[PDB]
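All protein chains but one are shown at their positions in the complex.
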Amino acid sequence: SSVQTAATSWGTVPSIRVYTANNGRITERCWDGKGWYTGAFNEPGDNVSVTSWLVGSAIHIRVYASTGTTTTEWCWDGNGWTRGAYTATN
Amino acid sequence: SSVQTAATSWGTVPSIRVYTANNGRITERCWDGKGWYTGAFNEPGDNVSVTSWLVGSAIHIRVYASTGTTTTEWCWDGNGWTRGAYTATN
Partner (left out) sequence: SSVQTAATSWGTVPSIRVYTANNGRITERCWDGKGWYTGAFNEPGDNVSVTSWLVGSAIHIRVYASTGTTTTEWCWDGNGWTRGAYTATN
């Protein structure tokens, strides 16, 4: 019985983000080339996946957090985390 | 407890695909910048992972669906989901 992780990265430094689901909550550890630190992402979830893409130099991250049959999308677009439009019928 | 997801994205629109393993089957939700919709992917599996790459504007997706110790690779190369050559001796 283990924590569950999801990871994404970008650029050539690189930056890395690792999300960990643990006892119903998801937190984030970050690397920007100069040591690991705790990130701002903090949301409910028993399961996590992540994807990200660059528009020029700007990173955009989408985290999919699931509890039961409900998946919530969280969005990073250079400012804060916001709730995304994702829905599903589970 | 919960469904298990995998996500991939491409381009700068972006396009996003989210695969959800729910009670033994994997389904797909799709974003191409204009609203979420249900994709054609539907395959059995308790666990899912995904990767994708672009060739110019053409997306290629590989979904790894697992039940027990058998992982089946499903391929999108523009022309419907086809069974891939992946094997593993788990």
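To keep things simple, chains are lettered A and B as they appear, and every chain counts its residues starting from 1.
Here, a residue touches a chain if its C-beta (ideal position, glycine included) is under 8 Å from a C-beta of that chain, and two chains touch if they have at least 3 such contacts.
Chemist: Which residue among B:16, B:18 or B:50 touches the omitted chain?
Modeler: Only one listed residue reaches the unshown chain, and that is B:50.
Chemist: Write the list of subunit B residues that the hidden chain touches.
Modeler: Touch with the absent chain occurs at residues 45-53, 55, 60, 62, 64, 66-69, 71, 73, 85-88, 90.
Chemist: Can you list, in ascending order, the subunit A residues touching the missing chain?
Modeler: Against the missing chain, subunit A presents residues 1-12, 14, 16, 18, 20, 22, 29, 31, 35-36.
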